[PDB]
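Read the single chain below, which is given as C-alpha cells and is the form deposited in one PDB entry.
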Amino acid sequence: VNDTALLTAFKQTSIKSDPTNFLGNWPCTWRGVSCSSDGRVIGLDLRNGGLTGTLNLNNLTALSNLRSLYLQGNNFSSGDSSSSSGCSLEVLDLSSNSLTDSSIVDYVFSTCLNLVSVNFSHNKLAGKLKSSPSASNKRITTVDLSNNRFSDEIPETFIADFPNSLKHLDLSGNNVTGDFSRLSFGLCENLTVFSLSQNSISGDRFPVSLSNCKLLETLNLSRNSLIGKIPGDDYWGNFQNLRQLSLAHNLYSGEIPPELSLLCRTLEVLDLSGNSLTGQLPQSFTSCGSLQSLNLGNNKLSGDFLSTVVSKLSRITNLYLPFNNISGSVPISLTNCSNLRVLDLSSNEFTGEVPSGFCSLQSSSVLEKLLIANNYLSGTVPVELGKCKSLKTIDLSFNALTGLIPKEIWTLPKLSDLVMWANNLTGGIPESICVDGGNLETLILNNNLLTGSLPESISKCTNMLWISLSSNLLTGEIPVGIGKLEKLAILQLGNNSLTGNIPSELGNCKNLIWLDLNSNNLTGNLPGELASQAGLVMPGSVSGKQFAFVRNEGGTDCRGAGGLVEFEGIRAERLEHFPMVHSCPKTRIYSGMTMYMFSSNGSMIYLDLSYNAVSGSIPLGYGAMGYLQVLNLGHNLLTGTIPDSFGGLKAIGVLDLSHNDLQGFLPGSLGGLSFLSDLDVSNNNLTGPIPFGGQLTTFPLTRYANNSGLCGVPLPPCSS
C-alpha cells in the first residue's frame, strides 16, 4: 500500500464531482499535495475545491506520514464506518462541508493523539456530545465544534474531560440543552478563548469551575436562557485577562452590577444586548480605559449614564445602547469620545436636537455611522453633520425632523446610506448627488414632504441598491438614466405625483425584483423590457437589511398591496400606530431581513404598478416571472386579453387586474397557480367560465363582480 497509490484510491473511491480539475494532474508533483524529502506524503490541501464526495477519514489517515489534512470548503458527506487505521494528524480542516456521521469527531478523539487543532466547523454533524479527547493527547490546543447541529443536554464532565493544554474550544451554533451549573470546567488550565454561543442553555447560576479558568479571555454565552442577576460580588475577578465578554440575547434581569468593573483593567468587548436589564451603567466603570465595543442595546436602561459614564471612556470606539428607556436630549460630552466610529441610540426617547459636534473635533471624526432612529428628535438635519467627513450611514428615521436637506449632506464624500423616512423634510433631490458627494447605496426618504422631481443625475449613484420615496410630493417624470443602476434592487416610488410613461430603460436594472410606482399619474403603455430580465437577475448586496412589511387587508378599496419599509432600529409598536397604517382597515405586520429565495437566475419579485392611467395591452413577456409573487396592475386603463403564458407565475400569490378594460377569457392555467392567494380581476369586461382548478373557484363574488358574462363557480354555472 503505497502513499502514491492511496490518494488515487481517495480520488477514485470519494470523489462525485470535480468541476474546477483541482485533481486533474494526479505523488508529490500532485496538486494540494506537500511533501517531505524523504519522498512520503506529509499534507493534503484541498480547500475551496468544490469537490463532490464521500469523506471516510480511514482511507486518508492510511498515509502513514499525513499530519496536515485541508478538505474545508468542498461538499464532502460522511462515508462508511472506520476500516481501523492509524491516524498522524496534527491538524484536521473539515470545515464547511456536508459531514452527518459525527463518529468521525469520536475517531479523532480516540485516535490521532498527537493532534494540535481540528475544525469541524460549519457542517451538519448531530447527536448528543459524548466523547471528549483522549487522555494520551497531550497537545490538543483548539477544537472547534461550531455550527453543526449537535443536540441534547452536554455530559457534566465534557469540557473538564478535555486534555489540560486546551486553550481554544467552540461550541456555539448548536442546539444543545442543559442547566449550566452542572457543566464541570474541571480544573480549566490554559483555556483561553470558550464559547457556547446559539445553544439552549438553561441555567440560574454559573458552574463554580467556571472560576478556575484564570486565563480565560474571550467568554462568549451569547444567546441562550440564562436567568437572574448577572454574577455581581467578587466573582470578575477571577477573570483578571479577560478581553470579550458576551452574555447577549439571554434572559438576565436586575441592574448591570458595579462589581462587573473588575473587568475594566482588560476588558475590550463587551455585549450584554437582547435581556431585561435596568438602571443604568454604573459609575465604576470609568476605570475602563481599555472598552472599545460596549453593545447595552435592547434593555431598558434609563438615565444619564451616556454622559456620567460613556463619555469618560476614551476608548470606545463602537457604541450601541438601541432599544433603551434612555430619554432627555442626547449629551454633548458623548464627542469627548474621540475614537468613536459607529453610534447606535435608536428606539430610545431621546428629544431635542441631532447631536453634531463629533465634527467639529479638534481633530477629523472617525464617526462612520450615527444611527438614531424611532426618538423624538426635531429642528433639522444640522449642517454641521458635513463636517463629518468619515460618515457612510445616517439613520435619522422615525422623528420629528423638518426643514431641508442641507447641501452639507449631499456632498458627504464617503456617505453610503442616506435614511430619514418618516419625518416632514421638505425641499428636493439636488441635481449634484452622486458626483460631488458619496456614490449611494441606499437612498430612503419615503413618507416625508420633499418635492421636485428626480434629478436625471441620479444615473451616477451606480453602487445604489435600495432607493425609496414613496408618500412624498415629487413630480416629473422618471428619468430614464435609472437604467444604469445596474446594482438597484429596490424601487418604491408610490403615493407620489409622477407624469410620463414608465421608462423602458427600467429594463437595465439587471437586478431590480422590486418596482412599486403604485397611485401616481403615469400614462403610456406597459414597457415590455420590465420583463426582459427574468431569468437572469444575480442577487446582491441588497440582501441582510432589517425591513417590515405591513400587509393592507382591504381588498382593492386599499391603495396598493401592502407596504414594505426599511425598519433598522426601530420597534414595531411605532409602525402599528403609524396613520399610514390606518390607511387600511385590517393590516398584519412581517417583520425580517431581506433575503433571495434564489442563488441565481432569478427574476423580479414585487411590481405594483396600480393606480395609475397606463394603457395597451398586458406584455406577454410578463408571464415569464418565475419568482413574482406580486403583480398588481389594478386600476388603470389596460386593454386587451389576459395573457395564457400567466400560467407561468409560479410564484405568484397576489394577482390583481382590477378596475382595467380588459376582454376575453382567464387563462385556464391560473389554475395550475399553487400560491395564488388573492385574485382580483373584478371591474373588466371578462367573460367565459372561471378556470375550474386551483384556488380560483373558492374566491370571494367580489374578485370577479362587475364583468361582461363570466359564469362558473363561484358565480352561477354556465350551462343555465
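Residue numbers count along the first chain shown, from 1. Here, rigid core means the biggest group of C-alpha atoms that superpose within 1.5 Å across both forms. First, how it differs from the form deposited in another entry.
- Core-superposed comparison between the two forms: the CA of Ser674 stays below a 2 Å shift.
- Put the two forms on the same core and the Cα of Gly32 is off by 2 Å or more between the two forms.
- After superposition on the rigid core, displacement of the C-alpha of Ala9 between the two forms amounts to 2 Å or more.
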Contents of the next structure:
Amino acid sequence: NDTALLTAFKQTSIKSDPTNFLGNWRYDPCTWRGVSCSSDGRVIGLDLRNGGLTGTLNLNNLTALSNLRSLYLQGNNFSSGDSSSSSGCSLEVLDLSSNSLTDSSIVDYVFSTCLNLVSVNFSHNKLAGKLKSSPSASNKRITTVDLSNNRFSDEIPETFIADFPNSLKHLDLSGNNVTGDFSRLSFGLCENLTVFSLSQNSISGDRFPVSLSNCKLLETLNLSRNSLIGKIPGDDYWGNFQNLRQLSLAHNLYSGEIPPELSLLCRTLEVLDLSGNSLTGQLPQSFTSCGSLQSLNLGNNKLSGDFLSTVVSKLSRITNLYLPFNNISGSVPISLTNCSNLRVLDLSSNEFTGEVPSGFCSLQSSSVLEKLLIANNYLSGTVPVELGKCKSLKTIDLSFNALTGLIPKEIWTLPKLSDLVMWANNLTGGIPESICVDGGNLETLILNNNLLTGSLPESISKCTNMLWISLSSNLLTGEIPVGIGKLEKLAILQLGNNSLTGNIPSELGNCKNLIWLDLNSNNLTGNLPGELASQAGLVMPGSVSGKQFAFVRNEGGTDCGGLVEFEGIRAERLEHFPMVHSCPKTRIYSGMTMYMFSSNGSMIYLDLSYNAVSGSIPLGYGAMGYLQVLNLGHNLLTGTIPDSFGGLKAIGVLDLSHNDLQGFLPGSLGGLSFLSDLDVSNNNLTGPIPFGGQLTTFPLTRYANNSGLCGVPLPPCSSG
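With the form deposited in one PDB entry done, generate the form deposited in another entry in the same format.
Below: the lone chain, stripped of partners and molecules.
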C-alpha cells in the first residue's frame, strides 16, 4: 500500500521538518505535499526538493513504491543509512544531489536495480570509496549520470566508462579524488557521449586512451585540474571530434607548443581553456579559422610573441580573452580593437611595455568592453583619457605598472565603473569631490602606494556600494570624512601611511560591515572612539569575499607590508617591492578573501599605531570576539589595560607598546590561547606578568622599559 510506505518514510527517515513541509502527510496519498499520482491513485513521483529536511535516508523504504518513477530529494540534509533490502525499483529520474550521503552502496543499488533509470544525480554529497559498479548491462535507457563533487577516491576501473549503457550522453565525474593512468581508461563504443568531465581529480598519464577517439559526438570534454603530462595531442587526433564546443586541459602538466592541428576543432569550438600548464610559443596561425570561439583562456603558461595581433585579433566572436601570467613582450597590440565583442581582457603579469590601450573605446561602435586588466606589466605614461569613452567599463586594473600623472576626470565619470584598481604606480593628484556622483557608485577604490595628495572627498559617502578602500602610502592630508559612516557595505578601509589629521571619527562605528580598519602612521589625535566596537557581534559577511589578496608579514620588530589586492600579480613582484625587499625577513601569505563567521562577527584587523591618540582604551574593544590583530602601539594612550581584553579570544597580535599605560596586566590575558605576538614595552606597567597562557612565553624585549613589571621571563617578584 502506497499510503503506508510514505508514512514509513516520514517516520524512519525524517528527523526534523522545521518548515512543516510534510504537515500535509496525514490520514489518499495524492494530495500530500510533493506527492503526485497517476489517475489510478498510485504514487508515481515524490518531490521534496529544497525542503529543509534533515533525516537518515534508506532508499529501500521509498523504492518499495511499485510505481515510483520520479524521486527528487535534492537540497536537504539527508544522511545515509541503507539496509540493502532490495525492495525493487522502477525509478526513471532520481536526484539526491546536495545532501550528506556518504555510503556509496546507494549508487551500487541504483545501478543494480532501477533498470529504467534515465537520469541520476548523486552530485554534491560526501560519497566515499572507490568507483566499482556501472549501470547494469540490462539498463538500456540511462542518459545522464552526475557523480561530481563527492569523495570518490583511488583508481577508476579500466572498464568503468565502457561498461555504461550505449544510451549514455552525460557523465560527470569531476570534483572527486580518483587517480589513474588516463591512457588505461576505456570509453568503449562511445556512441552517444556528448558531455564528459574528469575535472579536479588526480588523474595522470602522458597519453590519451585510444578509445576516447570513438566519441564522435563529444561536445564538451573537461579534463582540467589533474596531472596529465607530456605534449597536447596533435596530428589528426582532434579531427575525431567534429562537434566539440568546449575543451579544457587547464591546470595539468602539459608542455611544448600548442599543436597547430588543434585548429581542427575550429568549426565548432566555442570555449577553450589551456591555462595553468607550461606551454611555450604562441597560439598557432591556423586558429584564425576559429570563427565561433567565444572564450579563450591561455593564462599561466610561458607563451610569447605577437599572436594577440596576428591571430587573436582575427577572431571576430571572441568575448572573453585571458592571457595573464605569460611572457608576452612589446606594447599591447592595437589590432586587439578589431575584436568588437570583447567584454573581458586580461593581460596581467606579462612583459608589456609602452602605454595603456586606448583604442578599444573609440571604435565605430559603442564599446562592449567591461573588464580591462593589465596589472604587473611595464606600462608607462599616464592613464589615457580616451578610456572615458568605454562607457561599459565596470573594472579597471592597471596596478603595478609605471604609470604617472593625474587620473583624468573621464575615468571618475565612467557610468558603470565599479572597481578602480591602480596601486603601486606613481599617480599624482587628488580624489575628485564628484566621486560616485557623476561616475559609477564604486565597489572598490584601491590606489595605495601612489603619490596622491589632498583630502579624501566628503562625497566618498556617496559610494554606498563601497567594499574596499585602500589609499595607503600616498600623500593625503586633511581629516577622515565623517561621511565614511554612511558606507554600510564597507568592509576594508586602509588609509595607513598618509598625513591625515583630526580625530578618528566615531562615525566609523556606523560602518556595519567594517572588519578591517588600518589608519597607522598618520597624524590622528583625539581619543579612541568607543563606537569602533559597537558592531561587535552583529557584523555580517559581504561581497568583499572571494578576491585575490596577499599578506606580507614583516618579521623585523615593532620598528620593521600588510594586506594588498593581488589579482593578476606575481608574488615575485612583491618580494622585490622596495618596501618589502627592505625589511630582512618576509613571509607572503596569499589566497582569496574569506570570512570566518557566517553571522554575528566582529572586526578582524585594527591597526591605529603610530599616531598621537590619547586617553583610555574603551572597555568595549575587549568584546571583539573575532579580532585577530589589535595594534595600538606608538600613541599617547593612558590608563589601564581593560580586564575586558580577556574576551579577545581570537587575538593573535596584540601591540600596546610605546604608550603611557599604567597598572597591571590583566590576568584574563592568560586565557588568550592564540596570542602569539604581544608587545607591552615602553609603558608605565608594573606588577606580576600573568602566569597563564602565552604571557610567560615572550621575549624580554616585549616587557622592557616599564615601571616595575616582574615575574618570568623577568626576575621574580618575590626577590624584589
